[PDB]
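**Q** As a plain string of letters, each chain reads:
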Amino acid sequence: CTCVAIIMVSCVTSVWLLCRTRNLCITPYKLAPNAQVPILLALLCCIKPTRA
Amino acid sequence: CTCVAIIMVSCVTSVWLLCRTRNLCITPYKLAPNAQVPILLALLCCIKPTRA
Amino acid sequence: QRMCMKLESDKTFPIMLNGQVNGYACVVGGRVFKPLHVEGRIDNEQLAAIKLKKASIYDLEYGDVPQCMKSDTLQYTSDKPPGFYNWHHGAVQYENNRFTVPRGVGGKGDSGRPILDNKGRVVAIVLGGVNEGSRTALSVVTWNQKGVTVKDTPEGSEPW
Amino acid sequence: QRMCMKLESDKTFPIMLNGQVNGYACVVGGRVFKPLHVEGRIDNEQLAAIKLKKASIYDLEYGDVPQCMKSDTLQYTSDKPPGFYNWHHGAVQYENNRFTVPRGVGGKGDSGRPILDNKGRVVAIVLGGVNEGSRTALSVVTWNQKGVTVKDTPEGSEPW
Amino acid sequence: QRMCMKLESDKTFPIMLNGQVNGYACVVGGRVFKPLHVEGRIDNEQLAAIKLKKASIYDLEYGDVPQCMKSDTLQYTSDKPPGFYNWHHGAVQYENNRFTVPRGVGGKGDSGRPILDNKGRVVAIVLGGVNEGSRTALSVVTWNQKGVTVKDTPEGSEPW
Amino acid sequence: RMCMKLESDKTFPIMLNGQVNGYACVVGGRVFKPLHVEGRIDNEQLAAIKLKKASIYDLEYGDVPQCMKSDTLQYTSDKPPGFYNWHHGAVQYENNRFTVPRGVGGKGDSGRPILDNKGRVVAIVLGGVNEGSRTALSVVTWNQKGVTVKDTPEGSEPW
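Chains as they are written, first to last, in my numbering: chain A, -8 to 43; chain B, -8 to 43; chain C, 223 to 382; chain D, 223 to 382; chain E, 223 to 382; chain F, 43 to 201.
No wet-lab data here; the hints were simulated from the structure.
Please note that a few of the clues may not be correct.
Stated by the list, open to error - Calculated pairs, DSSO-like style, for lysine-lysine (alpha carbon to alpha carbon, straight line, at most 27 Å):
1) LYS192(F) x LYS273(E)
2) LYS330(C) x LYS233(E)
3) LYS273(D) x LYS330(D)
4) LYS233(D) x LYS276(D)
5) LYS330(C) x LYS275(C)
6) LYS368(C) x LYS373(D)
Chain A extracted, bound-state conformation:
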């Protein structure tokens, strides 16, 4: 249950420190919405560029 606990710790910390960082890196990008940068290939959980 400790081992089950820490993975749930490592889950939710990974949730925040992915989804926040997935919410970020699109806020700089998906607010300009043209946003010509084909380095979306670092999150691939927040997706769909504009062909550019």
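Given chain A, work out where chains B, C, D, E and F should sit, using these hints.
**A** Then chains B, C, D, E and F, alone, in the frame of chain A:
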């Protein structure tokens, strides 16, 4: 409790298939509101004609 | 010029769904008929504060029109002859049972128009009505020759 | 100008409750119809020394009209078309059954007005009738197409 | 006089924190940008009744643009030359990186002004910007030459 | 001055479902809302304001923000037998009370501050039945000492 159940079944089914059908037969009638038809004498749960 | 003069005076009410007029709540003969599938608040506190269930078989609401809106609330005759009934998007006349207008009347955002004579007598409320070749039909809700409230629906009806 | 000329000629009688008029004792079709909840004496000795029980289901009194005023008291037709029946505070018209007048008619101190044609025929007497909207109702006491004396009353009528 | 002609026609939206205009929601390139520490309702049902999370590093709300305002909202260029961009409290220009105005622009109740070309191109939004000797600065959110949305901020910025 | 000075003043109606039933008036710091008058207000500096009950006087209070501070209805406590004025006419009375001509309106009116030609609030309407020819004014006012008091004839009015 089965016999008590089925009457409660036969209650609520009678509720809907009376009150819906009492909500109906006044919606055709109590929306025109003159509505000269003295055959309200089929529901007598939704009541009060307009003397006509 | 009674198609616009009289109708602007009528106390119909549009239904802004988040600011978007999708239909007109017309107060007609006592009780009000909101087109039910049309959703949204309305521009009257005595109308938007008005709880109402469904006349779902006809797809209408009801009233509960309070004592500060009634009494010239589009009084009317239940029947209709084949009359030139008029409203914002033009006039209608048809000879047997139905209502059909020239093409391009607009059903979307329109359903809710009470169907007034030049005299100013409601005979129907808009529901829809696909183009039948040339003309645009009208589905409506209306009254029977007996006064019985029916609805008139051609096939492949329009939204609201 | 028949709504005030013809009426002032008629033998209506206000019911002063210690000088305060609360309604009009009118003499209609033989007998007299005093509004019962209206109380106080009357300006006629042929009507002031006159004892009367209750038509409490209708909330009226009755006659017992002396023979001196007989032979001219507000003859009428029991029925009514959608007519512009008129009196002191204006005219009424409604298409089937009810009676509705423009707003501000006043229902206090007035219930007791007989409901006269331009011809001058009483098809009703006021019971009140709440402020409905831009117009105002009239609950009344009137007569069936069969001549049967009835009362017509919308929901939540007025005092007298 | 384009600083008011073009600008009044633009569909910004003030944020009344209980009547108190503390900032302007602006509807930019599709999505809408609220200065997020500014709080309160807004004068559009398309805009008032929407929930929005936080662009907390920039301190803004976000999209929430219904499709009816789509096809006309504040198209722009991400970049800017050192031009005279304009709004209600005057114009702005700077050579390198930033935005500074004549003194007295007002920070309170102002943050939310979009930053429009004479041509009508939104290059940024007000955040703040302390007085710099003679001039007043502007902290903003804007866009990189690459188009990356960034915020340019001098030290000791303003309330909104 | 019975309408020029008053329309310029920052009175505020209380719409109960759109129906005005009284005027919240911002009087020397604290606002004095008639309490039995219910409904929201046409000022959000005033409508988002929680206020407990001065139920012995049947009022609310302030808690008025600071933007409206430095300009609100400066007044005196006392009053001579002056021709104090507002929307529905003027008032004067000699000792203790306030009475106006008939038809001032008690309904939808209680909340008017009671202003001099100079524009000084010595009272606020509470009500006050018709007094034969004239009409009373139940009010809330200030004692000669300054003590905030309410004046009430028998059988006062709704708001």
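**Q** Decide, hint by hint, whether the structure agrees.
**A** Hint check:
| no. | hint | verdict |
| --- | --- | --- |
| 1 | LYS192(F) x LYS273(E) | violated, 47 Å |
| 2 | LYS330(C) x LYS233(E) | holds, 26 Å |
| 3 | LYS273(D) x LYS330(D) | holds, 24 Å |
| 4 | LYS233(D) x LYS276(D) | holds, 22 Å |
| 5 | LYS330(C) x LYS275(C) | holds, 23 Å |
| 6 | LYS368(C) x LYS373(D) | holds, 25 Å |
Consistency note: the structure conflicts with earlier hint 1 alone.
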